Each structure stands twice: as structure tokens, then as C-alpha cells.
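Asks: Okay, here's what each chain looks like letter by letter:
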Amino acid sequence: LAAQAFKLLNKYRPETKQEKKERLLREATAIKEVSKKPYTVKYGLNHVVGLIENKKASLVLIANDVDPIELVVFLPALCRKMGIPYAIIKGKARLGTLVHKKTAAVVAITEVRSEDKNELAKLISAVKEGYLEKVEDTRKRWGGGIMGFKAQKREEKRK
Amino acid sequence: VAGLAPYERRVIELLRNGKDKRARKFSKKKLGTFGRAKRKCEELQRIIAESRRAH
Amino acid sequence: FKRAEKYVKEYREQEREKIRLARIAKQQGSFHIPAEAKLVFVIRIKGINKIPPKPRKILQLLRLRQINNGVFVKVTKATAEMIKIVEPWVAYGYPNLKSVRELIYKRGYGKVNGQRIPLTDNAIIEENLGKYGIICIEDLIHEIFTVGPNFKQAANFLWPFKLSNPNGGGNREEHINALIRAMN
Amino acid sequence: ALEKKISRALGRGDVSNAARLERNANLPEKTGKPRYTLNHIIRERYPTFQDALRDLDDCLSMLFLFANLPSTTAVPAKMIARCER
Amino acid sequence: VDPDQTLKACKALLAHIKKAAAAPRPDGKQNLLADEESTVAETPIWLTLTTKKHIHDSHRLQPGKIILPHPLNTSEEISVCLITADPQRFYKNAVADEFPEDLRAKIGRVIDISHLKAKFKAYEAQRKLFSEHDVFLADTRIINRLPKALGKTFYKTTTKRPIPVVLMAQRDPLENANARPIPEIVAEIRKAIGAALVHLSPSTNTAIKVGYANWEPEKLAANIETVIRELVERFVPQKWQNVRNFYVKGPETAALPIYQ
Amino acid sequence: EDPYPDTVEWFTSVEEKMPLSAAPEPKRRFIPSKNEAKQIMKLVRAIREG
Amino acid sequence: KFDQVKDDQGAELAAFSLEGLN
Amino acid sequence: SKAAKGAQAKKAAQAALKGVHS
Amino acid sequence: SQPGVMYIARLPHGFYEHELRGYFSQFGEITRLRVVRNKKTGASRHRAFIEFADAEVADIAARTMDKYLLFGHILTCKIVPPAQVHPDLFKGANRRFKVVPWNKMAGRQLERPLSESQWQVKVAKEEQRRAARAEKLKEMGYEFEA
RNA sequence: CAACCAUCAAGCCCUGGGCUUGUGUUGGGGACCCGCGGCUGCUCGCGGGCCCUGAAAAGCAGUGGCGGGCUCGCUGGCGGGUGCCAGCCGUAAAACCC
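Chains as they are written, first to last, in the UniProt record's numbering: chain A, 89 to 121, 128 to 253; chain B, 56 to 110; chain C, 51 to 219, 235 to 249; chain D, 86 to 170; chain E, 18 to 187, 206 to 295; chain F, 252 to 301; chain G, 256 to 277; chain H, 12 to 33; chain I, 184 to 329.
Treat the hints with care, since some could be wrong.
[Said to hold, decoys possible] If you want a taste of the chain I side facing chain C, the calculated C-beta under 7 Å gives, among others:
1. 195
2. 197
3. 198
4. 202
5. 205
6. 206
7. 254
[Unchecked claim] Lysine-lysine pairs mimicking DSS-like chemistry, simulated, CA-CA at most 25 Å apart:
8. A:109 <-> F:285
9. I:261 <-> E:165
10. I:281 <-> C:76
11. G:256 <-> C:148
12. I:222 <-> E:169
13. I:281 <-> C:68
14. B:80 <-> B:93
15. E:169 <-> I:261
16. A:108 <-> D:90
17. C:148 <-> D:90
18. I:261 <-> A:228
19. D:118 <-> C:156
Since the hints were made in silico from the structure, they are not lab data. Just so you know, even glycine gets a beta-carbon here, dropped at the ideal spot from N, CA and C.
Go ahead and model the full structure; you've got the sequences and the hints to work with.
Replies: The following block contains the structure:
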């Protein structure tokens with residue numbers, strides 16, 4: 089599911105500083121001598143959570159390793175209340191790769207072109223029946239319980 | 056998301072058990088004023104009400 | 051361990067090729083080329099991991115098995131359909147004099163007793179063939195640029211050329242002569 | 086540090102940033118001109134044109150030997166094509 | 018085949034459709050979007066050819082067109098979609114420049130082959146293009162691309178299939212398209228819409244559209260007589276001997292025999 | 252006493268359909284970007300001057 | 256100056272034309 | 012026997028879920 | 184030795200007999216496998232039955248491929264209960280469902296000549312049905328002379 | 001898990017335009033219409049017409065053969081089988097491979 093999500097998401101990468109500077113140089117030299131809405135992956139916490147609060151986001155992808163965890167700890171509940179399907183992926187560095195930054199705490203998809211309206215819909219379902227209805231019981235339940243042999247013998251000695 | 060404080064969990068347990076007077080007096084000693092005891096017990100009683108609505 | 055990702059892809063490439071191969075035999079094997087006999091230098095490039103059985107016999111016939119080999123062929127109505135089967139794994143184009151003369155001089159290998167020896171002496175040439183009208187390497191060089199009846203043995207004498215892999219440098238008419246210069 | 090920057094865009098998957106950083110690298114496989122500029126070093130090593138002709142003895146012997154040799158990873162066909170030219 | 022029997026054949030059938038459509042509803046649900054006059058207007062009437070041998074040869078299995086003395090689709094109601102090649106903007110400007118009266122109003126969408134493979138790749142979009150537009154025109158180059166981009170729901174389940182149009186003259208898409216002159220472009224389109232489409236299936240029973248039910252009876256009679264004449268000479272193999280029984284038929288009614 | 256309990260969704264179990272913000276969308280979200288149009292004409296002025 | 260077509264055709268020494276004056 | 016089949020099934024499940032690389 | 188019955192649907196085009204066998208054989212020993220196809224043309228109905236030597240390795244294989252996005256299809260892998268399995272699930276195990284050219288054979292059988300007596304019963308079936316069609320077409324009000 | 005048939009040829013006719021080949025497509029469902037092959041018959045196949053379905057799905061698999069593998073015996077040779085063939089064809093027979 090990670091590879092299929094990033095296959096769609098790589099197709100909607102933002103433009104880097106080089107090809108944006110060349111693209112602005114395009115329209116400047118043509119003005120010397128007609129565009130539709132750009133569609134990019136949306137990033138930034140306050141930008142993304144503003145989008146999911148306004149129901150403009152289609153899919154939300156959240157990193158698992160935000161060093162202050164509070165910045166994303168409300169995100170799974172907010173996405174579930176608002177109705178946007180979300181997913182949780184390994185690597186904020188992997189999301190920064192998509193964004194052309196170092197780290198991205200969260201990314202979102204709002205609207206895609208009509209070439210792949212079907213591809214996003216199948217990914218939206220695949221995230222829902224493959225990830226969302228599998229962690230449903232584990233959303234509410236606590237962690238812990240990975241005690242080893244040394245911890246078990248120490249606990250038996252203490253008790 | 057956050058859950059409850061340890062003191063709020065005790066007030067919750069008394070409110071399900073029906074000991075409203077004990078929960079109100081416990082909120083007085085913990086928070087400090089009677090109007091804050093009324094406010095916290097009202098918010099927690101609305102939490103128990105909305106809990107069984109989802110249940 | 052190999053995934054069901056690759057299983058569906060491998061079977062999709064196999065049905066696509068079988069349809070195209072059975073397209074080719076069912077249709078007439080005629081190319082839009084003049085009937086005058088010409089010469090092709092042809093180079094194997096890895097197309098797909100699995101391979102179908104009719105090209106299996108014919109790639110062993112061109113001894114074109116290892117990665118990035120080349121050999122010189124002469125087109126007929128027969129040899130065209132041999133080429134017109136093996137397209138996705140090979141590249142076919144007309145050589146030039148500078149390209150052919152360099153390639154054998156930089157890399158010249160011959161076949162005697164099932165051994166791959168270099169081309170060190172012209173006395174080795176006469177010890178190998180001798181009585182076929184050839185006198186040195188330049189006799190074989192001229193034999194490549196204009197095809198004679200003895201080219202069949204000269205192709206059999208010549209080992210496939212193990213070229214170097216380029217780092218980024235169907236039909237291409239002059240772009241393969243750019244590909245030899247990029248990867249020799 | 087620039088060779089580290091070439092593997093940056095390869096690691097990011099940025100093909101365009103890989104194209105321009107190799108162009109900033111001016112790597113000798115795609116150019117044929119040598120990677121480093123040694124005009125000052127040659128000027129310091131040879132004080133006169135006569136000494137350049139004295140080292141042209143081994144230079145032209147090296148040039149014609151390695152113009153006859155085929156291409157490898159160290160010496161590509163572009164650099165031999167510049168050498169024989 | 019004689020004119021007078023097929024003259025009286027269309028009287029009895031067309032009265033039956035007009036009688037059956039004027040019949041009331043077996044419950045108390047009247048129809049909002051179907052007027053009585055508009056009910057009998059839309060329904061096509063076709064003939065069906067029943068031959069005695071299978072049509073296996075590829076020299077006849079390809080689709081084709083008959084010109085009639087009265088064209089088939091002509092109402093403003095139909096929307097025409099043209100499948101083109103290479104540029105799409107150039108043909109979009111072509112319909113934005115050439116003909117105001119019947120061309121732009123009938124033509125619903127000009128759409129490229131590359132955009133067909135990309136945008137309408139899935140089955141949902143394939144079925145929504147099938148429903149939206151009424152007739153379909155394809156460049157003679159593009160037809161061999163089409164039944165892979167277009168599906169079984171598009172191609173084989175229905176007689177409504179893309180129609181060959183010639184758009185070549187006698206390659207970088209941005210530079211220049213190999214195309215034939217603009218005022219002669221529409222001339223092939225005019226013959227394309229007004230044409231009885233024919234596609235001979237492998238088996239022995241085929242059905243060719245000849246008209247609708249709102250027309251005047253002898254106006255059908257001249258259309259069918261040309262349709263029998265053109266089919267047996269051009270497409271039907273083994274000349275005038277292969278045919279066994281012809282019929283004249285409406286949507287849900289029976290089939291009225293004409294023998295050959 | 253159960254020491255650390257299960258969490259019940261008493262608020263997220265219901266899903267509301269409207270966005271929280273009732274504020275109108277600005278026009279800037281429907282038109283070509285004025286901020287880039289300034290940047291382009293700055294590049295035009297630099298190219299005119301050479 | 257030199258011609259790439261002559262060099263590709265095999266001129267070698269013949270493709271290179273030398274002009275006396277700049 | 013049964014433990015070896017369970018071990019090879021867990022190894023196949025781990026490779027299908029987490030990968031073989033590292 | 185309890186076998187497991189596993190049902191795989193939403194099957195992508197190309198995930199047929201041998202590749203479906205080749206994939207889950209890596210998971211465990213496969214007893215037999217049969218993907219259902221269509222009568223008229225050889226064409227898969229995107230649904231298959233595969234049986235493992237061990238029931239425990241079937242549950243491992245089913246839960247590891249329960250929801251998997253492959254070629255635009257989210258396959259459903261689910262274990263059929265042992266009490267809910269018809270014993271005739273494998274009348275066609277492990278063999279070929281050959282693509283029989285039904286339309287071609289039936290089409291030309293019309294074209295090879297018959298027996299002379301067989302032509303007369305062809306006519307005998309023929310004249311009894313034109314009168315039958317003429318009877319029901321008399322109600323509309325059209326009659327055919329020939 | 002990429003793309004990749006022809007970003008147009010060839011041959012004709014009555015030399016200016018048209019004709020003919022370049023075989024390709026998901027599966028189901030309706031308590032709907034008709035044509036043609038079979039069944040004594042209920043009904044089963046072939047073909048089109050109308051409608052519905054996220055690239056959806058919980059048995060119903062049945063048609064005659066050509067060659068090949070694992071085998072059961074007899075003298076590398078011969079005779080029968082195979083919940084066989086990512087090989088063919090349509091029932092005689094061929095073709096491919098080594």
C-alpha cells in the first residue's frame with residue numbers, strides 16, 4: 089500500500105526551485121514576444143489540518159516519527175471525525191522526499207486531474223479496507239506487553 | 056483523545072455508581088471552589104451521557 | 051522470494067508477445083525494404099527475463115546469448131524474418147566504415163577448438179582458415195564492407211563482440242551507429 | 086562535496102536536479118575535456134616552451150599508444166575521439 | 018424482391034407501433050419524459066438478414082457504410098463525438114472555425130486518441146461516454162487502436178460502434212498534422228452521420244438500421260430498397276445465393292417476412 | 252480497579268458533514284495567482300533592461 | 256575546422272582542413 | 012516438521028509484509 | 184491432516200492457473216487449484232478456489248493477502264468454512280479449460296452438405312414454422328404470398 | 001504493476017478520389033424481444049435488440065482429435081493407462097520441437 093500510494097503521489101509532486109524559476113522565465117519571455131489549476135500534494139501541518147477541517151482533503155498520510163508527537167497526535171481522530179480517510183506511514187523523511195524538503199510531518203491530496211480520478215478512488219478504498227478496517231480495534235486499545243525473558247524473570251523475582 | 060486525569064477518573068467512577076454527593080465533594084477538595092466542582096461534574100456527566108449514546 | 055506483482059506482469063508480457071509472434075506468422079512476413087541484399091550489424095539488448103521458444107532456437111543460432119553482444123548479418127528474405135521475430139531484444143541498423151573497422155581492431159576475437167582467443171597475429175589467421183582466399187584482417191575487413199560468398203565462414207569465425215555497457219549514451238537507422246560510438 | 090550532491094538527487098529521485106548537478110560537475114565522460122584545470126600547474130612545471138617539447142617526447146608516445154587502445158571506464162570513447170582528433 | 022410487398026409491409030408494422038405506444042399504462046404511473054409523439058419518434062426500425070452460411074472471411078467482417086437517398090441521424094437531438102489522432106487542439110480549432118449551422122451543434126466533443134487511453138481508461142468513464150453521446154466517428158487510422166481502449170461494453174455488446182472517417186491527407208504532433216483540407220473535412224463528416232452502419236457478425240443473422248417510426252411510409256420504402264441493393268452487392272458473400280429470409284422489424288414487435 | 256482503561260469514542264463516533272469554517276472563500280482561490288503575475292513582470296523588466 | 260560527415264565516412268586525415276590565415 | 016512449516020510461513024509472512032531488504 | 188479451503192476473488196487479468204499456483208506455493212504446499220472460467224469463451228470470472236495441505240498455513244496465506252492492491256484490484260482472500268464446501272468443487276481440478284471455438288464449429292456445420300433425407304426434414308421443419316409465423320402475423324394484418 | 005499494434009502502409013480501379021487486407025475487445029445479472037441450429041418433449045447452444053452494474057464476483061467444468069512427459073509389462077526396439085502439456089487443430093488429419 090505504501091508503494092501504490094507513493095506511485096500516485098510521485099505523479100503530483102510540487103515543482104522544485106529550479107523548474108519553477110524556469111517556468112516563470114517561460115511566461116516572462118513570452119510576454120515580451128491560458129493555464130489551468132495546478133494540482134500538487136499539500137503539506138505543512140496547519141495547511142493540511144486546515145484542509146481536513148474544511149473537508150477539502152481526499153486522503154491524508156501521517157508520519158510515525160514526529161519528535162514532538164503532539165503535533166500529529168490529534169490528527170487520526172480529526173480525520174476520522176471529519177470523514178477523510180487517513181493512513182500512517184513510516185518515515186517523515188520519506189514524505190519530505192515527496193515535498194522536496196528535508197522532513198514532512200503530514201501530506202494530503204485534495205484534487206487530482208481527470209487522468210487519474212479512478213486511481214485515487216481505488217487507493218482511497220484500498221486504504222479504507224486494507225488499513226482502516228484492520229486497526230479499528232487497535233485504535234482504542236493500549237500499547238505495551240513486549241516483555242522479554244529477562245524482564246519476566248525480574249518481575250517474578252520482584253513479586 | 057487525551058482521556059481523563061486520575062482525579063477525574065475517580066469522579067467518573069462515582070458518577071456511574073450513583074454516588075453523586077461523594078463525587079461533588081471530591082471535586083471540591085481537588086479543584087478548590089464549589090462552582091468549579093459544579094462545572095467539572097457537569098462536563099464529566101455529559102461525557103458519561105455521550106459515552107452510552109455511542110454505545 | 052518473488053511476489054505476485056511479478057507473476058501477473060510476466061504472464062502479461064508473455065501473452066502480448068505470443069499474440070505478436072502469432073500475428074507475424076499468420077500475416078505475411080514481408081518488410082517495407084528494397085529486395086537488394088544489404089548488411090546489418092545487430093546488437094542484443096535485454097528485453098524481458100523470460101523468453102519464448104521460437105526465439106530460443108534462433109538466438110542460439112545467432113549465438114547472441116550473453117549481455118550486450120553484437121554480430122554482423124546479411125539481410126535476405128529469410129534473414130529479414132529472423133530479424134522480424136527478434137525485435138524487442140535486438141537493435142538492427144546499417145553500419146558505417148569507421149564503426150566496423152574500429153570495432154574489430156579494438157575487439158577482435160576468433161574461434162578455434164571452442165576457444166576465445168584474441169586476434170594477435172595474421173599468421174594465426176592463416177593457421178585458422180588459410181585456404182578460403184583471405185590473407186589478413188583487412189581481407190576480412192573488406193569482406194564485411196562488401197559481402198562475398200565466403201562471408202558465411204567469416205561470420206562463423208568471428209566471435210560475438212562483447213562490448214562495454216553504456217552509462218546512458235524498434236528500428237533505428239543511424240542511431241545505432243551513434244550507439245556503437247557511445248558504448249565502444 | 087559536489088560528488089556527494091550528485092547522489093543527492095539520485096537519492097531524492099530528482100531526475101532534473103541530477104541532470105543539472107552533473108552539468109555543474111562537468112564530468113569528463115560526457116565532455117572529453119579534463120575534469121580539473123591545470124593551466125597554472127603546467128605553467129609552474131614548465132618554465133619554457135623547450136621544456137614542453139622535451140616532455141612532448143613521452144606525451145606523444147602516451148597519446149598515440151592510448152589512442153589505439155579501446156575504451157574503458159577510466160578512458161571513454163569520447164576521450165579517445167578527442168585524442169585521435 | 019418487389020417494391021409493392023415492402024410498400025405494404027411498413028404500413029402494418031408502423032401502425033402496430035403507433036397502436037402499442039398509444040396504449041395506456043397497466044398501472045397508474047404516467048411517464049414524464051416520454052410524450053406519445055416523442056415515444057414513436059425515437060424508436061428505430063431495422064431489417065435483419067438471415068443467410069445460410071457463416072460469414073467467416075475477414076474480407077467482409079469489417080464495418081462499413083451505405084449512403085441512402087434519405088440520411089439516418091439528422092435531428093438536433095443527436096450529439097456527435099469524433100475520435101481523432103495526434104493533435105486534438107488543431108481539430109478543436111477546426112470545429113471552432115469551419116461550419117456554424119449543423120457541424121458545431123451536432124458535434125459534441127472532439128477528443129484525441131492519446132487522451133482516450135489516459136482519461137477514459139477505466140470502465141466507469143467508458144460507460145459514461147457510451148451514454149452521453151449518440152453516434153461515434155473515428156479516424157480510419159484510429160480504428161485499430163480503438164477496441165483495446167474501448168471495451169466490450171463499448172464495442173461488441175452494441176451495434177453502436179465508432180464509424181470510419183477519413184482524416185488523413187493522401206510525426207511530431209505539435210509541428211504539423213498530416214491532414215486534408217478544412218472545407219473538404221466536413222464533406223466526409225456529412226456522409227458519415229447520414230449512413231446506415233453495417234457490421235457483419237461472424238454468424239448468419241445480422242441487423243441493419245433503416246429508419247425510425249415517426250417517418251412517412253414511402254420514405255422508408257426508398258431507404259430499405261437501397262439497403263437491400265447495396266448490401267448484397269458489396270458485403271454479402273456468395274452473391275444473391277447466400278440470402279435466405281429477410282424481415283422488417285421494430286423494437287419489440289415481430290418480424291415481417293420478405294423472401295429472397 | 253482496572254488500572255488503565257479502554258477509550259470510548261463519544262465524539263468521533265458521529266460524523267458531521269459540513270466544514271467548520273462558514274467564512275467565504277476569497278476570490279484568490281479561483282483566479283490566476285496575482286503574486287506570480289508580479290514576479291513575472293519583474294522578470295520582464297529585467298529582461299527588457301538586459 | 257572539420258566535417259563530422261567526412262570523419263564518420265572515414266576521411267581521418269582528409270576531414271581536417273587547415274586555413275593559413277585566421 | 013510442523014514447527015518448520017510454521018517457521019517458513021512466518022518467514023514468508025515477514026518477507027511479504029516488511030520486505031527482504033534490511 | 185486437515186486441508187484448508189480459500190476463496191480468492193477480484194482476480195486481476197493474468198493472475199491465472201500457473202501464477203496463482205506459483206505464488207501461494209511459496210507460502211505452503213498446494214493440493215489443487217481451479218479458477219472458474221466461462222462456458223462460451225474461455226475467460227476467467229475473476230474468482231478462484233485454492234486448497235492447502237495444512238489448514239493453519241491457509242489461514243496464514245489468506246490473512247497476508249486479505250486486502251492487497253494489485254493491478255487496480257483489491258483482492259478478497261477468505262477461508263471457506265469446512266462445513267460450507269461442496270464436495271464437487273473440483274470436478275475440473277488442475278486440467279485445462281480449453282478455449283473451444285464453438286462459434287466456428289457450429290457455424291460451418293451449416294455449410295458441410297447433409298443427407299438428402301436430412302434436407303427434407305429441414306424443409307419439414309421449415310414449412311411448419313412459416314405457417315406458424317404467418318398465423319401470428321395475420322393478427323397484425325400482414326400476409327405473405329410465397 | 002512503466003511504455004511499447006500503423007503517430008500509416010501495401011495492392012487495386014476507370015489517375016482522383018474511392019475500394020480491399022492489415023483481428024484486436026472484463027465478467028456477471030433482468031420475475032424483458034426476435035432470428036437460426038438441436039432435443040419426442042420440458043429445454044440446451046449460435047447471433048443480434050432493450051436495461052443494470054466501482055476493473056463488482058462464494059460450486060454447477062464440457063467439447064472430438066494430432067503429437068509429447070510419469071509410468072505397467074514384452075524383447076535400445078514394442079503393447080496400454082494417466083483431477084497430464086504456461087503445444088496445436090477442429091473432429092479423419094496436420095504443424096512445431098529435438
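Asks: Under the constraints set out in the numbered hints, which ones does this structure not fulfil?
Replies: 9, 15, 17
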